[PDB]
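Next comes just one chain, in structure tokens: the form deposited without this ligand.
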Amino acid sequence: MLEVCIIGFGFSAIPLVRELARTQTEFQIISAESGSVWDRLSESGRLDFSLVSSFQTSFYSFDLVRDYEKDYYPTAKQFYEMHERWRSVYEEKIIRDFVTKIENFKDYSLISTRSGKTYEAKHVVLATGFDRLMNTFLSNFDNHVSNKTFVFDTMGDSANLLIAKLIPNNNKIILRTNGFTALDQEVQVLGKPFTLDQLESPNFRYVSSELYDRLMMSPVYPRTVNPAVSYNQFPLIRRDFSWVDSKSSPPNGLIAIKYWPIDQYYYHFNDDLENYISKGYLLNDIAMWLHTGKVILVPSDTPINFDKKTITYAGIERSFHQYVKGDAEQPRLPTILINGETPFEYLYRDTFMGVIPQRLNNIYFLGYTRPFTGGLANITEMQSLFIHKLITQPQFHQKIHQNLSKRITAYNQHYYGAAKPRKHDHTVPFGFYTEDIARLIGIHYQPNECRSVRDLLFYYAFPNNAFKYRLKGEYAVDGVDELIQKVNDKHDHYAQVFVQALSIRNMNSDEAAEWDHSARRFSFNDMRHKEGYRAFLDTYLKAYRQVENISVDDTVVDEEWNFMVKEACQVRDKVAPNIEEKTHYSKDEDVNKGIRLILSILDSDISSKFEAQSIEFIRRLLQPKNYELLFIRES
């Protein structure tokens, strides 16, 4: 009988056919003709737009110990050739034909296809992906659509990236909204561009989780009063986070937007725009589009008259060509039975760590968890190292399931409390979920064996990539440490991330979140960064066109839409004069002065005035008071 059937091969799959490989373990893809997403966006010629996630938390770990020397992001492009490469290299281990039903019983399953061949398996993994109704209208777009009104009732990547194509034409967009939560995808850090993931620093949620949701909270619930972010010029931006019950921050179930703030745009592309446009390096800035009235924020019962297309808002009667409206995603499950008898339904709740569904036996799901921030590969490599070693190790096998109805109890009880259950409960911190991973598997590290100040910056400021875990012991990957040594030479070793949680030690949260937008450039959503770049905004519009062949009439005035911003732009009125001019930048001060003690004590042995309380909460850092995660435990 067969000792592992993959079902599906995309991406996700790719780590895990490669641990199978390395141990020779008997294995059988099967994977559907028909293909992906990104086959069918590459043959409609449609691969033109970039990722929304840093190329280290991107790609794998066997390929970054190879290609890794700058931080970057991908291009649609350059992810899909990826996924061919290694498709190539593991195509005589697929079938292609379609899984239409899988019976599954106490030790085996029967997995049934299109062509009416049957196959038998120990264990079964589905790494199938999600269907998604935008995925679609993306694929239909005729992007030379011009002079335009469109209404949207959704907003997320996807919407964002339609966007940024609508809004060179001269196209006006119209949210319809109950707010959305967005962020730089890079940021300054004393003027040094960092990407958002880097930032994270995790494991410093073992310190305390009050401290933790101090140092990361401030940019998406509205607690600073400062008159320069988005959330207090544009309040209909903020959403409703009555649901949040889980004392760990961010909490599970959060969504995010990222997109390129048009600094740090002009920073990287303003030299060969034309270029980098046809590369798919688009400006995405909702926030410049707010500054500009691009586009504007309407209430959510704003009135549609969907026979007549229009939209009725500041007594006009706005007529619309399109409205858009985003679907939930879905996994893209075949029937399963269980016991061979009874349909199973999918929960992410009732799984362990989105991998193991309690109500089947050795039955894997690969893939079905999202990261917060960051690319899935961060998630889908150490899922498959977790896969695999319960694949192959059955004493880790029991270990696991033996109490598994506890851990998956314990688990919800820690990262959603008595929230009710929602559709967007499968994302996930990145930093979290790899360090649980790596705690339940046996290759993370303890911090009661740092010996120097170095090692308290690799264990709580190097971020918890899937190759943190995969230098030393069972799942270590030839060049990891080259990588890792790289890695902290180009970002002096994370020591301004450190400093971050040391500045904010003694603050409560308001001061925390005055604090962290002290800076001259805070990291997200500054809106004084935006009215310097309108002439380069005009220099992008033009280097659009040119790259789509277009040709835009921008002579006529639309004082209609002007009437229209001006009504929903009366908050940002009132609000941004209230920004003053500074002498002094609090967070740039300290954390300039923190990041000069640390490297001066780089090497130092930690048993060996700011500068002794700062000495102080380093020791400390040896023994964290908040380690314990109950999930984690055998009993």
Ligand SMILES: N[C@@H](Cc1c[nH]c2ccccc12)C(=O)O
Given for the second form:
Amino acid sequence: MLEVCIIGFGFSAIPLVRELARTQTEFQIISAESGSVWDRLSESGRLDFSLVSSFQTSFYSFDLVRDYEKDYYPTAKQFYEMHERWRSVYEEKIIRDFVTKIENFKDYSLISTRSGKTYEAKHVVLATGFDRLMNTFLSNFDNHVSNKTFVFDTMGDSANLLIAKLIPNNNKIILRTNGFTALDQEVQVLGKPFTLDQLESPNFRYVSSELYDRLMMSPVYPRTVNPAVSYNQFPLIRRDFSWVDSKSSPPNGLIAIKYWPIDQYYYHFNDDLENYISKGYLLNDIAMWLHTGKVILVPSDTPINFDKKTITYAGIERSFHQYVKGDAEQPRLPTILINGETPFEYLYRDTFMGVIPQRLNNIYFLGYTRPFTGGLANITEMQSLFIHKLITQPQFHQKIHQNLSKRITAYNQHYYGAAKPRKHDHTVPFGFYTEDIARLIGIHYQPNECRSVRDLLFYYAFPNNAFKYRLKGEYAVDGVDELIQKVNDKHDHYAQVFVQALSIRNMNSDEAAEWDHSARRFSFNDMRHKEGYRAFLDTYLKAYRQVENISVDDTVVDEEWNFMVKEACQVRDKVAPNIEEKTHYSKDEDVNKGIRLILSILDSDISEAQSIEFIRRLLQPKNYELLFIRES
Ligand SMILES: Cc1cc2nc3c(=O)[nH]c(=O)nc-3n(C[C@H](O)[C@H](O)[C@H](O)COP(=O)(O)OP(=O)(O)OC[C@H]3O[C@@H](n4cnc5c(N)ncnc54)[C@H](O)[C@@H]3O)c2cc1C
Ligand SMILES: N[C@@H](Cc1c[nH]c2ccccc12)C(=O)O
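Counterpart to the form deposited without this ligand, namely the form solved in complex with this ligand:
Every chain and every other molecule in the complex is listed next, the one we just looked at coming first.
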């Protein structure tokens, strides 16, 4: 009888199928003829956008070792073409059918399909993706609508893309909001560009969770009074974070939108705008929309008349063309019967690492963990190794399952505290998840085995991408050595991120907050770098309309709209004039001097002197314990 049956083949299943093939483990795939959202967009000519995740976190290690030459954000078209490439490789192992039920028994599961053919398999892996009504809404969007008003009740990456397609046709956008977290998907470090996933250095949580909190959360929590940051100019973007009860930050369950800042979009695309726009690189700078009044934030209880399609704000009954509210993504799971009898209910927090449900036997979930930043590939590549190791090695299967409920309890205590399960529990920081899985599999690194300072840069500062853990050991991929070499050379061995931690080692969280925003351009939501691109924004809108073959009238200054903009930006108009011109930009000075210190001792063996003390203390970090990794 079959050893492994995989249900669903799109993107998440790729690395697991690759490993089962290499161990020549018997397996079968069943995926529906229907296809994915990527197929639907392909079939309607709608793959004209880009990923919000960098290439090095969005493509699998066995592609990166062949294809990586620089950091960049691939297009949707590039993403899907990689999906299809791998489908052509394994299509002979795919039965085109739709799974309707799984009866889970002691040794095996009985799988049913719509064609009526049944299958028996010892191990069952589900990688079927998620449902979103927002997908159908993008597949039916008319991008030639112009001179209209739109009302949004949710803000997310899908909503942000629609706003980017609506802005150039002179459409006005109203956001009825209880706040959202937005982050520049690319930032500058002493002028040079870094995708945000490059600057997370997540293993510094092992030094101290308080130090790691100071490294990451001042752009998310309103910790600085600096009047240049968007959460001071537009306080309706602030969310109610009272649910957070973990000492691990960024907390599991936090989601952010990643967007092109206009200064970085200009840097990359201004010399060939019409071509870049047509390739899928669209300007989606929400901070620029608020700055210019093209998007306004209004209180979440602003009244809407759905009968008349009006919304009333600033004393104005504003008629609107369309109202938009996105649904909750739910996973696409078939009916699963505990013991062939009891319906199973999915709950992310009641599974181990989002993969192992504790009510079932030999059933695994692949692709249902979401990364807080970067691509899903980092997550699904590590999940695939975990799953493959579970399927093919009984000693590991037993070592994990013998205390499964206790591992889940300790995991949840660490990352959720006493919070009730939330809809977004499945979102995790990618460098915590890949490192968590690595330590479970045993392909992690050990902080105490670093010899030189260059070793400490790799352990702590080099991003915890899946390929980081595939240089040596059980899941080693050929070519990973040159890839890490390329990445280090191209990012100066990540000395810049390492120096950030050193600069804040003795600050409290408010000192750290103001230090983050003392740079000439701080990483995220710097409102000082918007007005200077007003001219370019007009060039962008003209070029966008040329690509879309549309004629649009911008002569009518919407006076009603201008009035509503003025009402909505009163805090901005008060705090923005407080923006200071400094003599010293403290963060820029500290990072330059810290980088020059590190590159002079890069090759020194572990043997300012207070920085020396800090660096030597990285060999035995005292917050290294993760109790869900142990077998008691
Ligand atoms: C608009 C949009 C933009 C995105 N952008 C990014 C991005 O920039 N970066 C990123 O990392 N991720 C992004 N994602 C995430 C994206 O969902 C994943 O990267 C990927 O598409 C999901 O892979 P999957 O294999 O898990 O699901 P899918 O690709 O949806 O594959 C699941 C497959 O299983 C099939 N299937 C489902 N149920 C059954 C069943 N019962 N029986 C048989 N077959 C079944 C489906 O038909 C489908 O073919 C985006 C998602 C969307 C919707
Ligand atoms: N540590 C870097 C990058 C960073 C901060 N907060 C983040 C949140 C998410 C991703 C990256 C970051 C900085 O302070 O600029």
